[PDB]
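A.B. asks: Fit chain A with the ligands to the given chain C structure using the hints.
Protein chains: 2
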Amino acid sequence: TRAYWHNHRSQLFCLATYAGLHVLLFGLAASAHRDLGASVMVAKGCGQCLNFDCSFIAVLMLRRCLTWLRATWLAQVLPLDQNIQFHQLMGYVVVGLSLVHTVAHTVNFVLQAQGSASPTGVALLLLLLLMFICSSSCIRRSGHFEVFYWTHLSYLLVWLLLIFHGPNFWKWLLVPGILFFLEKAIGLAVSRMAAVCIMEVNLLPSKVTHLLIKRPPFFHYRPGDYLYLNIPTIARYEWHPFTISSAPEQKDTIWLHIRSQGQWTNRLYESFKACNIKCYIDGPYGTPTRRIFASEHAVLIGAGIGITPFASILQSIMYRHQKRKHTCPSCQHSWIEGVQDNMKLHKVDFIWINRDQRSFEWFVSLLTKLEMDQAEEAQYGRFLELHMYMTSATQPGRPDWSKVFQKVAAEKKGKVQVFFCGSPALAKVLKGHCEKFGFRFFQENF
Amino acid sequence: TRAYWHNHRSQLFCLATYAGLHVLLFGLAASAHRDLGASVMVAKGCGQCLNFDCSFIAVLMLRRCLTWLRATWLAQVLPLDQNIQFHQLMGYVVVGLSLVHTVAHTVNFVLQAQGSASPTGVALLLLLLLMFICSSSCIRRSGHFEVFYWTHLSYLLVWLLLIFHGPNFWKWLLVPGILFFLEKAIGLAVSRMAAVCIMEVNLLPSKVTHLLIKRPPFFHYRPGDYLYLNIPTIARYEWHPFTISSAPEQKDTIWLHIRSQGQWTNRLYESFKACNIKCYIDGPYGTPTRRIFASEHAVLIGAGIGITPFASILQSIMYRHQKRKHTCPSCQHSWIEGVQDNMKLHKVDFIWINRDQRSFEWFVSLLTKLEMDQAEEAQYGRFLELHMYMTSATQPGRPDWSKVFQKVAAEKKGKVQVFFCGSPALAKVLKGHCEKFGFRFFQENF
Ligand SMILES: Cc1cc2nc3c(=O)[nH]c(=O)nc-3n(C[C@H](O)[C@H](O)[C@H](O)COP(=O)(O)OP(=O)(O)OC[C@H]3O[C@@H](n4cnc5c(N)ncnc54)[C@H](O)[C@@H]3O)c2cc1C
Ligand SMILES: Cc1cc2nc3c(=O)[nH]c(=O)nc-3n(C[C@H](O)[C@H](O)[C@H](O)COP(=O)(O)OP(=O)(O)OC[C@H]3O[C@@H](n4cnc5c(N)ncnc54)[C@H](O)[C@@H]3O)c2cc1C
Ligand SMILES: NC(=O)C1=CN([C@@H]2O[C@H](COP(=O)(O)OP(=O)(O)OC[C@H]3O[C@@H](n4cnc5c(N)ncnc54)[C@H](OP(=O)(O)O)[C@@H]3O)[C@@H](O)[C@H]2O)C=CC1
Ligand SMILES: NC(=O)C1=CN([C@@H]2O[C@H](COP(=O)(O)OP(=O)(O)OC[C@H]3O[C@@H](n4cnc5c(N)ncnc54)[C@H](OP(=O)(O)O)[C@@H]3O)[C@@H](O)[C@H]2O)C=CC1
Ligand code: HEB
Ligand code: HEB
Ligand code: HEB
Ligand code: HEB
Ligand SMILES: CCCCCCCCCCCC
Ligand SMILES: CCCCCCCCCCCC
Ligand SMILES: CCCCCCCCCC
Ligand SMILES: CCCCCCCCCC
Ligand SMILES: [Zn+2]
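Listed in order, the protein sequences are those of chains C and A.
Letter by letter, the first sequence follows residues 182 to 295, 319 to 478, 515 to 633, 667 to 719 of the authors' numbering.
Letter by letter, the second sequence follows residues 182 to 295, 319 to 478, 515 to 633, 667 to 719 of the authors' numbering.
Pulled out of the complex, with its shape left as it was, chain C reads as follows:
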């Protein structure tokens, strides 16, 4: 009852700020035009609201500033993965407000009847109706990913008509417009792009495609970083982000596990289900993860489906762990040296809570790989523990965090340092169960 409200404590606050700014502008422009009777008042209010929307709807779509903002506490508080579907909501309110604006001014013109404004307004109305119609989900559900882009590129014409349609619109558009164009000028053909080539595409079960793309000769990424994959064979101008699910110590390839959860990522699987093709990835982005390897007995916890970076992190952890098992050639002596300058872990736990393994079968097979690779060493010491709960049937059902944390605190391998990747409700439950045992809780953005 309060956990559901706790997850959306930020989306609700952003929507409340939005509706509050709209009611503020509406009432403000309805007070300053009270003498005009009920038809220019509504129309001028909606005019101010349009001035705001048609201008900031573009500062939402800054996928160059979103990457930098998505690494910080600013991302910890307000959601930035919802920017596409907050932008769609700003588009829907632009359409509704412009409709009531047109209707208000039409009724006003009729009352006055009992060349910039009206003709440029008919032009704006036709353009916004075209963007509305040719920006629905049916345009991209069918394999028309280039009709959407072109017929939705008319926001330039919308802004152009809107400059010499609204007298004071340019003042609004100046800041978000210049920011949008400066970001479009920062990112060009080979700004950060790298024309990589798929070495192979496996089709894992339950509609998830595994892309082994060539690693560009100089590509350095921390474990847990993502990249904006682009495949002109699926969609020419779409750049979708995906977490790299391979440890950086893997020098030959870059893995990407792409789950069929949309209309592009689904088009990928549908096209390869019916390889060396073109791709243009865009850089590694992500939060620094040195807090995990410069730790002791890290307890990684992951809920839901945002645990693709935990695959990369666990693979890197086990790579660095196996990289400190030395064997002498002469006398075959096999010793283990100390924690050395990259990883300081003596133990690692990985607790994965989920509803099921619907799309995460590759994840379970990868964890099985790691557990079996290090399990033949488990007679003297265990380094990676894997708990995988399912909550819908591996120990079925939710954890009992009191018991789990008490067992973690039973054996002492150092200063336990919990890390979390999930919902803020479970984050509250975790910090509550965690401050009792003195574990240094964390929560990663990814």
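No lab work stands behind these hints, which were simulated from the structure alone.
Relax, there's no trap hidden among the hints.
Listed below are several chain A residues computed to face chain C (Cβ distance under 7 Å; list not exhaustive): (1) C568; (2) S570; (3) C571; (4) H573.
We treat Cβ as the ideally placed atom computed from N, Cα and C, and that holds for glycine.
C.D. replies: The following block gives chain A with the ligands in isolation, referenced to the frame of chain C:
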């Protein structure tokens, strides 16, 4: 004749752009006021010039954007270490222009005689004369580092008076003013600062102080990064940058070799010459240096005095090299393993050209340390070669780059990859002598 002009090909271009913008504004405001006779014309021209200067003189002093700009090709083209002494030049031209402005308007008032403008102008003139007098070099040459800061903080009053003195000045000040205040609001008490404490201060010969400051528990820097040291015992509000001269693999301390080349860095040596005191360093900044360790037979070259980061780079190189000499406990077998995931070098050359070893005696002793540490291994293989030329008397005299590069190309340890740290004249000579041998030349910013 053309090398001297080649070094200053960017300072001369910046000064030419500056003088051109001034002559543009002067002539533009002298054309639009041609009817007013010779006294309001000059005064309004100088007014426009002041509007530009008094506004952008502050965008020069953005030591928060300068760190980000100093890592890129944008820093490769235009100089950013001259921002302090370009700012001083903007201050001198502000004073000269305001003097001729005052004189022009005084002669105009006299011609008209044969309450904002004039009184606020007397106030601006007195404030600018105070900043001019109490911002000379004599204020900080004596140990008055706090009189300078306070009596030079009156640029706030100068801007305040200038808003309601010039009608259109606020339009100019809006962008640099908001940028300056946003940068001052980004950096607060503990934004990136770390209240470190000096563990020790050695006084090396020839007026250079070696600060072994405690390494804050979580401080990660690449080899070759700098930090903005601050010592409230020398100067309370001054933040001078210094390159860290210790390899990151040194976990206990952070070294800083501070040469007495000014009035603060000199005050440091003079005060300690006549330890646990307060310091507040500000983060690691610098260009990525992975190109040196992910290389083969890197030929580092350093000219002049900007080779403090080469001390850190060489110490890190030799640390990582000695970190791959394994010895088995049982049979005492001592083997060397392969290039492993951090450093790929099989050889390193370090060619240091300078005029003399005036302040760089610590550097020569450090290179002697490294050469002697690895020289007892030189019977089977040499990893670090050290050439140190002096050009004023170690092989005295300039190198013969044809011979040096031919000797480098004689022995084949991989794909030679020259790196350079020096003047653009020597950079031209190097790229010329380097494209002949197919060495992949580089030039670092630091
Ligand atoms: C850092 C990061 C890493 C991700 N890694 C993966 C991964 O490895 N595998 C995976 O299957 N999914 C991953 N996603 C989520 C998502 O499935 C993909 O990022 C991709 O954007 C989906 O595109 P789509 O066309 O299939 O979605 P659509 O069908 O276009 O839309 C469906 C959903 O995807 C969202 N969406 C649409 N376009 C984008 C976009 N450009 N960026 C982000 N969200 C978008 C919509 O808001 C909606 O919620 C990741 C998301 C982020 C932020
Ligand atoms: C990245 C970097 C690393 C440096 N590392 C070292 C180092 O390890 N040892 C060393 O002796 N010097 C170093 N310097 C140069 C310089 O000596 C110091 O940075 C310091 O700023 C000098 O201050 P000062 O008060 O002695 O100079 P001043 O007496 O105030 O001025 C003399 C000269 O220093 C310049 N200067 C003044 N204040 C600054 C400032 N805040 N930042 C930069 N330049 C300034 C002036 O333009 C002038 O050319 C470095 C410079 C940079 C950019
Ligand atoms: N900034 C934001 O606003 C963010 C929002 N989210 C939220 O993520 C949610 C995703 O849905 P979902 O992933 O189901 O939410 P959860 O993250 O709560 O579900 C994740 C897993 O946690 C399990 N779980 C829930 N409560 C407990 C508990 N008390 N003890 C142990 N395990 C528990 C669930 O099992 P069961 O489902 O069986 O209870 C589920 O398998 C969205 O509602 C979204 O709002 C995600 C990231 C940040
Ligand atoms: N962005 C910019 O504008 C930058 C400017 N600089 C320039 O750095 C200069 C510093 O003075 P300085 O350091 O003396 O200039 P140099 O860097 O040219 O002097 C560095 C060393 O190189 C040696 N040297 C010069 N020419 C040759 C050559 N042809 N072959 C071999 N060795 C050579 C010099 O020896 P000798 O002195 O005995 O000839 C000197 O010891 C300043 O003039 C400044 O303009 C520095 C960085 C960037
Ligand atoms: C984009 C969306 C849109 C649309 C569709 C529209 C449509 C329209 N419209 Fe508009 N508008 C607008 C947006 C718009 N619009 C704006 C923004 C403005 C401004 C406001 C103010 O007031 O400010 C206007 C404004 C306006 C005005 C006022 C004038 C000026 O400029 O000042 C008028 C009259 C109008 C009309 C109109 C009409 C008739 C129409 C239909 C045809 N308009
Ligand atoms: C005028 C204004 C505007 C408007 C109204 C709109 C409206 C809209 N919209 Fe928009 N968009 C925009 C402007 C806009 N828009 C922009 C600017 C962008 C960006 C593009 C790029 O980035 O290039 C977008 C983008 C976008 C996107 C992205 C693409 C991808 O996928 O990646 C999407 C999905 C959208 C949707 C939408 C919708 C649904 C709507 C409703 C109709 N859009
Ligand atoms: C800061 C430096 C400075 C200074 C010192 C000055 C000083 C002066 N001044 Fe000055 N101004 C100025 C800066 C200045 N200034 C400016 C910036 C301006 C504006 C320009 C225009 O025209 O725009 C002026 C402006 C001005 C004017 C015009 C008016 C208006 O506002 O419009 C006048 C009359 C004056 C006067 C004067 C005088 C009498 C003096 C002495 C006492 N002037
Ligand atoms: C009004 C305007 C102005 C003016 C006129 C000036 C003028 C001047 N200036 Fe200044 N500055 C300034 C504004 C200014 N300024 C600023 C804003 C700054 C910054 C500060 C801080 O950062 O805090 C400076 C800063 C500054 C500095 C830095 C400090 C250190 O050391 O670190 C110096 C050195 C200077 C000098 C100068 C001179 C010499 C002059 C001539 C008088 N300058
Ligand atoms: C449908 C709910 C959408 C909620 C959007 C939250 C605010 C996103 C801000 C993104 C800023 C770039
Ligand atoms: C005395 C010569 C000064 C030359 C200044 C060059 C331009 C510096 C630009 C700094 C921009 C932040
Ligand atoms: C300006 C009017 C804003 C209305 C916002 C409504 C949001 C509904 C989210 C479901
Ligand atoms: C606006 C007048 C600018 C004059 C610049 C002079 C620069 C001299 C550098 C030595
Ligand atoms: Zn042995």
